[PDB]
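Next up: a single chain in structure tokens, the form deposited without this ligand.
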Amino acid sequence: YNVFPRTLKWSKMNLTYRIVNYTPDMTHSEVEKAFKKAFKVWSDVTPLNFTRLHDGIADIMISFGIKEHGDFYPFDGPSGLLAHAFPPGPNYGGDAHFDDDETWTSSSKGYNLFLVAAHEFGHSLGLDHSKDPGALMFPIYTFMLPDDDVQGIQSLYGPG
């Protein structure tokens, strides 16, 4: 028999990401900085490293989109699903999509992009949802990575 193995985690410690498109809600600069920040969250506590490609195929393809945007996990206008990301793996694995019918903001007026991104980037790293309300990976939107997550990611990749 065969089942569908899951890529529990990335093989390599060096990962590439590409920001394909941009929300109208923040400067390009602010966006790039929000993601660099969201990757630092997990690079700080693991051997993991993130470098950004400007073209071509990357391990973590980041995009913004609305409704149906090419994977049949369609978004839903404003409110509700803020974003989503695929677990570690080839092809689609690791990719992060952000519902561009939400208002992304580099602060509090809307959903802070960096916060949501850092959350999503755990899903890209193999992290599942947490039930600890203090955990970044808690499903509900609300910087120091909480021990709950530090333990979760380290359990996979180890410390730095």
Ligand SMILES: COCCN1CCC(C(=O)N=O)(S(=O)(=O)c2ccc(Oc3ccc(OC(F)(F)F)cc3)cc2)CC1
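Positions refer to the first chain, counted from 1. Only residues modelled in both forms are compared. We call the rigid core the largest set of C-alpha positions that still match within 1.5 Å between the two forms. Compared with the form deposited with this ligand bound:
Displacement of the C-alpha atoms by 2 Å or more across three or more consecutive residues between these two forms, following core superposition, is confined to the single run 1-7.
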The other form holds:
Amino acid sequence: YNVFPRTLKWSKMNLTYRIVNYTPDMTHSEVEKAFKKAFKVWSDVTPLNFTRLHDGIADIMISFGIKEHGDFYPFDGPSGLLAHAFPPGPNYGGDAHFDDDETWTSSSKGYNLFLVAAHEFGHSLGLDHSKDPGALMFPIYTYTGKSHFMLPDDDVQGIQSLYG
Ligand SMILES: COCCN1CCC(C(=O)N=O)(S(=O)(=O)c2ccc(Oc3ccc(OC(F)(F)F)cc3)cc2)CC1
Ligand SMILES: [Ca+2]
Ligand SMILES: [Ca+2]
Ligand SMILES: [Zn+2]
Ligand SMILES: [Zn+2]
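Now that you have shown the form deposited without this ligand, what about the form deposited with this ligand bound?
In what comes next, the whole complex appears, and the chain from above leads the way.
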């Protein structure tokens, strides 16, 4: 009948996410705003759009957990692993998990939830790690400097190579 795409990518442009639970470290508003901004990084340079769902099954299910949390990628307590996300697909596909033994912030302290979420949602949409140290998809955390976060070129090229 019909073929799979040549990459792990969503075939639909409208995607849904659900924030399953919340970190102690930030208010519900702070987390929601961080995630909204993180999805905006990718929607601003592609045809993709994101709607939040408050319950049920979203494409991208977002949760905070520690140690064993229901997959083969258990967390390791404070430091080390910060988060992980699954490539586009059914079920766990697209889901994003955040280690709640980390200190999450809206600031320069601890780990900035926005930057990590933006990175992880790259994964949720089909980007793997970049080798370019300036890239958002570089697998090392750094906190930014300029106030208006600008998605690096490598990440722009990468996401566009999947969705236009
Ligand atoms: C044991 O070694 C760990 C091996 N792994 C690679 C790192 C890691 C991962 O990439 N998972 O997706 S991770 O340390 O939890 C991690 C997660 C998000 C990040 O998000 C970023 C990325 C770049 C940033 O920098 C920039 F903003 F300047 F671009 C900021 C946050 C940075 C690091 C887990 C798996
Ligand atoms: Ca950890
Ligand atoms: Ca999913
Ligand atoms: Zn997990
Ligand atoms: Zn990563």
